[PDB]
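Asker: Make a model of the complete structure from these sequences and hints.
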Amino acid sequence: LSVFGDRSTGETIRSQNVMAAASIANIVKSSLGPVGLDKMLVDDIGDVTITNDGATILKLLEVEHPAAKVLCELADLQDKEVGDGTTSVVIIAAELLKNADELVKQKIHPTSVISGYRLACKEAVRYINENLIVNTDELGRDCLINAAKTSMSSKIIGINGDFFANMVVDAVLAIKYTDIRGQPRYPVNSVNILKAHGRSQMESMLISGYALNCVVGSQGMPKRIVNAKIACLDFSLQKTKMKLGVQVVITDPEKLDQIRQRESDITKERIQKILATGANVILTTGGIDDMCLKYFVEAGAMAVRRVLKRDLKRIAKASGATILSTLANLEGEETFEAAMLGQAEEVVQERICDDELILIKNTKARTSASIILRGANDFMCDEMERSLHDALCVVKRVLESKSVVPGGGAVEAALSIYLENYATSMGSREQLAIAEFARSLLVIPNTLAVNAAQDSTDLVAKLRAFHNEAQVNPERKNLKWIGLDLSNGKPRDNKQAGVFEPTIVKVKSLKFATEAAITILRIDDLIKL
Amino acid sequence: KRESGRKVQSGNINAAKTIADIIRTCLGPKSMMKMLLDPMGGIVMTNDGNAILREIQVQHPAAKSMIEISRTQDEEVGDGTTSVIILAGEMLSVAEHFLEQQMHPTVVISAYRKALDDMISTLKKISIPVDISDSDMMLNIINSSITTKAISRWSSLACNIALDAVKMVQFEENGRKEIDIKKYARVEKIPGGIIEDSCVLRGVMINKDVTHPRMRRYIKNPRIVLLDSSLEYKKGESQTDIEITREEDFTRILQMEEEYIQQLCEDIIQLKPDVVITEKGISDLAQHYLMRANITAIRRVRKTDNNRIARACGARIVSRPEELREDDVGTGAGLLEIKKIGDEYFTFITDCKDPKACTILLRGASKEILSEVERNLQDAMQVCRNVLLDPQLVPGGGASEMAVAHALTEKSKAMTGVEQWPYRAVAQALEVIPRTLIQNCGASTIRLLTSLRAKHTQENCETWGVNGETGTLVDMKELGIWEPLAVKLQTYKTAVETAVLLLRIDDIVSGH
Amino acid sequence: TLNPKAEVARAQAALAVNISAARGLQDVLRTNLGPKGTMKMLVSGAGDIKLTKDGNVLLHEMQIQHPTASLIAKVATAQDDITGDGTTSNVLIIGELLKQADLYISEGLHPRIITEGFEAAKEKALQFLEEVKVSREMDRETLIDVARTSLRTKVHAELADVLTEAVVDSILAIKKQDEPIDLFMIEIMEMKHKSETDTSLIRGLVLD
Amino acid sequence: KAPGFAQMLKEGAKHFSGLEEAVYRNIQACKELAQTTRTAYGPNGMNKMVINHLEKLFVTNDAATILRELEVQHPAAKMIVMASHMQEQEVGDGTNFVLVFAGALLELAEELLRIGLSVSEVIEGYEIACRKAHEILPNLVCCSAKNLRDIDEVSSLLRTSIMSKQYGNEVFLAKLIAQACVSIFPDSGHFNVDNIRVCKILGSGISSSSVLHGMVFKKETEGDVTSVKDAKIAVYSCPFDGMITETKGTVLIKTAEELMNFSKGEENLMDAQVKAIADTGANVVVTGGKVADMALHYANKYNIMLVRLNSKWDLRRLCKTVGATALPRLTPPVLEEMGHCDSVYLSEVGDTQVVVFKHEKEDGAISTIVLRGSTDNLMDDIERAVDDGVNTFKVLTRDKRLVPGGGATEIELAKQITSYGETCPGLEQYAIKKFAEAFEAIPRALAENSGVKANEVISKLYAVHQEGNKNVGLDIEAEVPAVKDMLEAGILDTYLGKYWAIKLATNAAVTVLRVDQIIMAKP
Amino acid sequence: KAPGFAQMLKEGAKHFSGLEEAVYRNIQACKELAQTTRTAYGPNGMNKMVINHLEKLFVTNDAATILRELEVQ
Ligand SMILES: Nc1ncnc2c1ncn2[C@@H]1O[C@H](COP(=O)(O)OP(=O)(O)O)[C@@H](O)[C@H]1O
Ligand SMILES: Nc1ncnc2c1ncn2[C@@H]1O[C@H](COP(=O)(O)OP(=O)(O)O)[C@@H](O)[C@H]1O
Ligand SMILES: Nc1ncnc2c1ncn2[C@@H]1O[C@H](COP(=O)(O)OP(=O)(O)O)[C@@H](O)[C@H]1O
Ligand SMILES: Nc1ncnc2c1ncn2[C@@H]1O[C@H](COP(=O)(O)OP(=O)(O)O)[C@@H](O)[C@H]1O
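Protein chains in written order, with PDB author numbering: chain a, 5 to 533; chain g, 15 to 526; chain z, 6 to 213; chain Q, 7 to 529; chain q, 7 to 79.
Worth double-checking, as some hints may not be accurate.
[To be verified] Computed, partial: chain g to chain z, Cβ under 10 Å:
#1 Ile36
#2 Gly55
#3 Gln73
#4 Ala77
#5 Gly250
#6 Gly346
#7 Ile460
These aren't lab readings, by the way, just hints derived from the structure by calculation.
No residue lacks a Cβ here, since even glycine has one placed at the ideal position from N, Cα and C.
Answerer: Put into C-alpha cells, the structure is as follows:
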C-alpha cells in the first residue's frame, strides 16, 4: 500500500510499548520509598534538577513516546484525585504489561488478559475493604506515637522520641474540628513551632494556645490580661501618608506646621476611640506611635506594635476579629465597635529565654496551639522543627482519612495469595491473567527491599508466608497484616509500627494502573503521518 | 541520551576523580603549574585551582556539580577550595566497596555520614584557641597568604589593614557575630602613591566624580542629606514621554518643570547642608540649584551604601526631599573632601566613629601592582573572618588529616558490621592531602607517609605534620602552618556531602 | 580519563613536549649569536623582506607555530624592555637548562628538586657577578668598546666605525653633571639616495 | 616505523613496558588459576564438566583432577601448580588452599606495587608473616587425636576430609575408611596409602559398598577352583591362545586331515604346557588377555586356579606385593620368577564374586575398599575422596594436632597477624596486613559457594572472635548466613595441612613476585 | 603526534635541517635565475619568448626586461 506516512503492525508493537513503559518505570523504580535515591534531570539549557520524588520526576520527565505519555497523563489523574501513589502506579502498570506481553507470546489474547485484570482489581478492592481499620486509636491506645516516632528518628531528635512524640499526638488531636456534617479534617496551617535556648532539648514545653514573638514595649502596661476583647487593626496609628508613590506637595512653610500639629492631634481621637471599645489585648501591624503607647500605659492595655502579618492572620482566625485596614468609612472615622473585637479568656506574657513570647488562651474557635522548642543551639532547634513538621503531617494524613491500610507491601503481599487462589475458581482463559496480576504486585515490596539494601527475594518471600498463613486458618499463632520495615531489614506488624496509608491510594493506584495497562494492551498497531 | 544502572555511579566517580587529578599537584606552597591551551593557540600558566577548572570545558554533569560547589566555597572562604575537590575525589575513588562488593549506596552513605560526625569531633579535640586581642599571633596566621607574594615587603601592613577592618564590621552585640565583607567593607582603588600608602578609611568612600567646580572642597563639620527620590519634574504613573508642538504650551510645561524642581531644591537647602546625596539620578536643572547653593552634587548611591552614611555622620533617610526634617544632618562628621587624588575624584566623609562599616583605600604605583595588592588583601580579610567567627586553629601540613584518620581507624575496631570497611576507607582518603604535599616536594611518599602515621600513633596527634617546602616532618608548634577550624570543618562536610550527592545519583535523565 | 571535545596529557610526557619546544627554539636562534652568526629572514607574506639578528625581532615579529614556544617569545619581549640585550642568549640557556634537567628527570628525579638547585645556583652566580664587574669610569675609549661589541652583532663589520662614533657621541651630548638620561632626546631619521655608509650625526633636528 | 616496541630485544617475546606492568601480568595468570578452583572450595563446591584428552566427559570438583586435565602453559601458574604437587607430598589435602591463598597474596600484592612499594619489601613482609603464622597456629590447636584406634574416633574426624569431595555421603565413607585405616595402625610406624587400595565395581549405589582384606580384584575366578592355598603364583602377560614359535616354525597344511592333525598337536602341546605349570608346584595362573576354551579345561584338569586381570595397573599391583612378574612367553615354566602368597580364594560380596589375595599365615598389613556405584564417573570421584580421606590419617600418624575449619582459623590467624602488623613500624606492615586479608579469601570462598554475602560472614566471624569465641566457622546453609562453633559440630582440620599449605603457598607467591620478566631460550 | 617535524616551528615555514642544508636551497634559487639569463649574454644571446601580463607576446634579449616580466618570488 502507498500512503503519505508509515505503518507498523504485529506483536512487536505491543513489545515496543511494553519496553517503553518498562523504561519509564525504571527511571522511578530505585527512587521508591523514603530511602529513594536522587536522580538528575538535565534540561535542554543545561540546568540539573536533582530530586528523588517520583511525582516531581514525571512532571519534568520528557520522553517523546506515545506509551510513555499515557503514563504521564495517568500521573495527573492520580495527583489531582489523591496526590500520592504516582510512583507505584507507573511501576505496577509496567509489570502488568511485561507479564501480559509474555502471555501474548503464549497465544493468550489481550482481550482475555484485559478481562482478567479487570476482575482482579475488583476482587482486590473487595479484599482491601474487608481488611481495613477505621480512623481510631486516638486516645487511650497507640498506633500513633509509634507512627510519629518512626518518622522523626532520622534526625538528631531521635534520642528521646517518646518525649517529642507525645507533644505531636496531643497537639494533633487538639487541632480537631468537625465543621461539616462530622467530617473532621485538620488544617495544613498547623501548630506554630517557636524555639529558645533553654539549656537542653528536654525543656521544650507544650502550650495550649498560640505563641507570638513580640513584646508590649513599655513596662507600664500589664502582662496578665483576662479581658475577652482582642483588637486587630492593620491601619497604623503613626504618621499616616498618602502613598509611598505619592508625595503630598507642600509649598508654604506655614502649611507644614499645621500638618504636623493636626496629625499629632488627630490621633487623640483615634486613640480615644480605640480605648473606648475596651479592648485590652491590642495588636497593631503597621506600628504604633510613641505617644500612643503611653496612652495604653495609663489605660493599662496590652498593646503590641509591629506584629507580623501572617502571625496576626492566625490570631484573627483564632479570636474571630474582623481585620480592619482603615478607620475611615469613606467619610469619617470609627473603630467598628463589636466588629474587630475577638473573644478569649486570658492572655499572659510568660518568661522565655531571650524573647518574651505572649500566650493567648481559650479563644472563640482556633483549633491551633503553639510549641516552644527549648534547645541548646539553633542547629538542634532548626532540625527538630523540620522533624516535628514532617511527623506532624504523618499523623495528620492518618486521622484526616476515614480509613487506612497497612503499608510497606502488606496489601500487595496479601493480594498475591488471595488473587492467586481466586484465579483457580474462575478459569476460562482468565486464570493466568489474574495470576500474573497477583505476581505483578510483588514488585512494590521487591523494589522497596532493593532500595533498603536488603535481599528482596527473601523479604518478599517472608511477607507472603506470614500473609499466606493468615489465609490457611484464622488462628492467632499465625501473624497477620505483617508489613516491611526498611531500616532493620525485617518484616514488622505495621499496626504497632504505625506505617499506615490512605485506603484510596491503594485502591486508586490499582485501578488507575489497571486502566493504563488496558489502554496500552489494546494498542496492536501504529499509523504515522 | 541518558545513563542508567551501575554505569552512572562508576561514571560519576571517574568524572569527579578526573577533575581532582587535574589539581592534585596544585596544593601547598610548592604547587605545580598547569598549561591551558586556549582556542586561539595561547597559553595561561596559572596554578590556581579555581582558575583552572573555571576555564576547562566539562561534559559530565557530575563535573559541573563539583565545580559549582567549589565556586560556592570561594564566596564563603577564599582558601582550602582545592582540598575540597581532592578529598571529594578520593572519597569517591574507592569503588571497590561501591560496585565490586555490590554494596548499596545507602550502606556507603550511612558510613560516610557516620565518619563525618566523627571527623568533626576529632578536629575540635586537636584544635587550639587564639588570643585575638594580640595582633602578633594574627600576623603569623595571616602570613599563610602573604607568604610567596609581592606584598611580603609590606606584610605587616596587610595584616593591620585586614585585621582592623574586619573588627569594625564585626557586630558581636547581635549574638551570632555576623560579618559582611562584601557590603560593610567595600573596597575601592586609588591611583597614586605606593604600597605603603595603602590604609583603611574610617567611613564610606563614594567614587562619584565632580561635575562642576562650585562644590565644597574642604569641610570640618559636614552635613550630609539622604533621599531616594529623584530631583526632577514629577512625571505620570506611566513612562509616557511628553510630546509638545505648540509654543504656548511649552512655557506651561516648562514652568511646571522649573517650579517643582525649584521648590524641592529650596527645601533641601533650608537646613544649610554641604552635600546632597540621592539614590536616583539628578537632572541638569536640578544641578543648577546645587551649584548655586555651593554644595556638592552626588548621585547613584545604593541602599546599603546610604545606610552606612546615616550611621557614620548621623543623617536620616527620607522618601522625598520635601519631607526633609532637621534630623537629616551629618553632624559630627570628620570632613568632606572631593580632592582629585591621583587623577580621580574620591568623596571622603570619614569621621572618628566606627559605624559597623569601613572602606579600604588601595594606594599603589600602577594598576598592575594595585590589583596584586587587592586580591592578596581579600583573602587576609577572610582569614580574619574565619578566625574571629571561631577562634580555633587546627594543625595544618597534613597533620589534621592524619590525626583524624587515626581516630577513625581506632574507632572502627568497635564498629561491628559491614560499614567498617567504607568507614576506614574514608580515613585512608584523608592521607591524600600529605600525599600531594610530599609528591610536590619530591620526597618519597610511601616512606614519609608511613613514618608520619606512626608518629600520630605514639606521639600526640596535635603535631608532627609535613613540611611542604623542605619535605621532611615538622611540628606545627614549631612551624606556624595553623589553619582555621571553620575552613576545615566546611571543607570536610563539603567533601562528604558532595560525595554523598554523586553516590545518590543512579540515573542521569533528560527532560524539562 | 577526559571529557569529549578536549584532550589531556596526564603522565610526564607533557613535560617532554615543553622540553622539545625549547630545544627546537634553541637550535633556531643559536646560528645568529654574535657577529659571525648567520642572519634570519622575516617574510611578512605581503612581499616585505627583512634581515636581522636581534632575537627580540625574531620572536616578537615572527609568529611561532608551536604553542609552548610562543611563551618564551613573550619573555624575550620582556627581556628587551628592561635591558634591550640578551634575548638570544636567554633562549639558549633556557634550552640547555631544560635539556640538562631531562637527563636527571629520566633517572626518576622530581622537577621541583632541580628548580631549587637553580635558585641556589642563581644566588651563587649572582654574587660572583659582583666580583667580576669592573666599576671603572666610563670614557670615550670605553664606550667605543661597548658600542663596537653591541654593533658588530647587528652589522656586516663595515658599519662598525661608521655607527660607533655616532652612537657614542649621541649619548655624550645628552648627559652631564650626573643627570638622568633619556634616549627619546635622540631622533632617528632615514633617507634614501645614498650608500649605507653615509650615516652621520645631526646636531639639530630634521623637519618633513 | 619508529618508535616501535620498547624493551623488546630477546626473540621478540612480549616484554611489557614500565607502563604495562610486567609483574601485574604474571599475577593475572595466577588469579585466573584461582577462579578455576575458587568455586570448587568447600562442601558446596561447584563441579567442573571436564573433557579428558580422550574426549571423555567427567563431572568432578577435585582440584588435582582439574589441573591435571587443564593444560596450564603459563610458567607463572606452573609454580603454584608445582606447589600443589608439593602439597600432595607430606599431606593429601589442602590443594585449593595453595591456589586460593597464593592467588590472594598476588592479587593483594598488586595493591601494594600500585602504591609504589618495592617487590623486594613485599616479599620480606610475607616471609615475616609466614614465620609469624607458624607461631600462632599451634595456639589454635583445639583438639588432638586420642590414637585409640577407635572407629568412632577415626570416622568422626574423617568426616571433614570426605566432605568437599563427595558431599552428603560422608557417613558411609567415614565408617568404611575408618574400618580400613584402623586395621593397619597397629603396624606402628608403617602406615601408608599404598596399603589401603580401592576396587570399583559397577553396582546399585554407594551404600552397597564394604571393606575386605587383601588385594581384591573385581574379576571373578574364571576357573572352577573355589580356594587354593598355593604360594607359587605364576603371572603371564601373554594370553592363552594359538602358540607361535619364536624360531622359523613354518607350518604348512594342505589337506583337511592335516588341519585336524595339527589342531590335535596344538591341544596336546597346550595340555603339556598347563602340565608344566603343575610340575613347577604352582596351582595358580594369571592371564592378561583372553583365555582359551581348551586351556580353561586344562586349568580345571590339574585344579590350577585360573585368574584374569585385564587391567595393566592390576597386574603391576601384584608384581610389587607377591613378586610374581609377567613374562613375554605363554606359560614358560619359570618357577624362579613366581610369587608367594599365604591364601588365595574367591568370595561373593554384594552379589559379585571377586578374587582375593588374603594374608592368613602372615600378619597382614594390606586392605582394599570395594566401592559400588551405578556409574564409572561417580565411583572415580568417590575414589578421589578415599585418597584425600586416607591421606588425612596418614598425617595423623605424625604429631596429632587438629585445628578448627570452616574458615575459623583463617580469621583468627588473620586477626593475630593483623595486630602484629599494626604495632610493627616500617614498610613491612603493608604486606603483613595484606597477608592477613589473604586468609579472608578462604571464608569468602566458602560463603560465595554457599550462596551467602561474603562480607556479612567476615563481619560476623570477626565479631565473635573479638569477644574471644574461637573455633567459630561458617555455618554451611543456604537460608542461614549465620555462624556456628566448629568444635560442637565436629568440623576439624589438620595442623600439618595448614602448616605446609601456608608455607608452600607463600613460597609460590614469593617465587612469582621475585620474577619480573619471562624470557625465551634455545639449547 | 610524535615524532615532530625537524625545525618546523615558525608559521609552518620549512626549516631545512642540517642534513638538508638550508643554505643550499637559497643557492639553487639564485642558481636557477642565472641559467635563464646566462643564455642572453653577448651578441649571440638567445632571445626569450616573453608573454606580458596583458597576454602580449614580446621577443627580447634584455636582462632587466626578463626580470620585470618574470615574477621572481
Ligand atoms: N514509613 C514507611 N515505611 C515503609 N514503607 C514506606 C513508608 N513510607 C512510605 N513507604 C512506601 O513508599 C512507597 C511510596 O510512597 P510515596 O512516596 O508516598 O508514594 P509515591 O512514591 O508514589 O509518590 C509506598 O508504596 C509505601 O509502601
Ligand atoms: N608553609 C606550609 N607548610 C606546609 N604545608 C602548607 C604550608 N602552606 C600551606 N600548606 C598546606 O597546603 C594546603 C593547601 O593550602 P592553600 O594553597 O592555602 O589552600 P588551597 O590549596 O585550597 O588553595 C593546606 O591544607 C595546608 O595544610
Ligand atoms: N669581539 C666579540 N667577541 C666575542 N664575542 C662577542 C663579541 N661581540 C659580541 N659577542 C657575544 O655575542 C653575544 C650576543 O650579543 P648581542 O647580539 O648583543 O646579544 P643577543 O645576541 O642576545 O641579542 C654576547 O653574549 C657576546 O658575548
Ligand atoms: N561441614 C563443613 N562446614 C564448613 N566447612 C567445611 C565443611 N566441610 C569441609 N569444610 C571446609 O572445606 C575446606 C576444604 O576441604 P578439602 O576439599 O578437603 O581441601 P581442599 O579444598 O584444599 O581440597 C576445608 O578447609 C574445610 O574447613
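Asker: Out of the numbered hints, which ones does the structure contradict?
Answerer: 5, 6, 7
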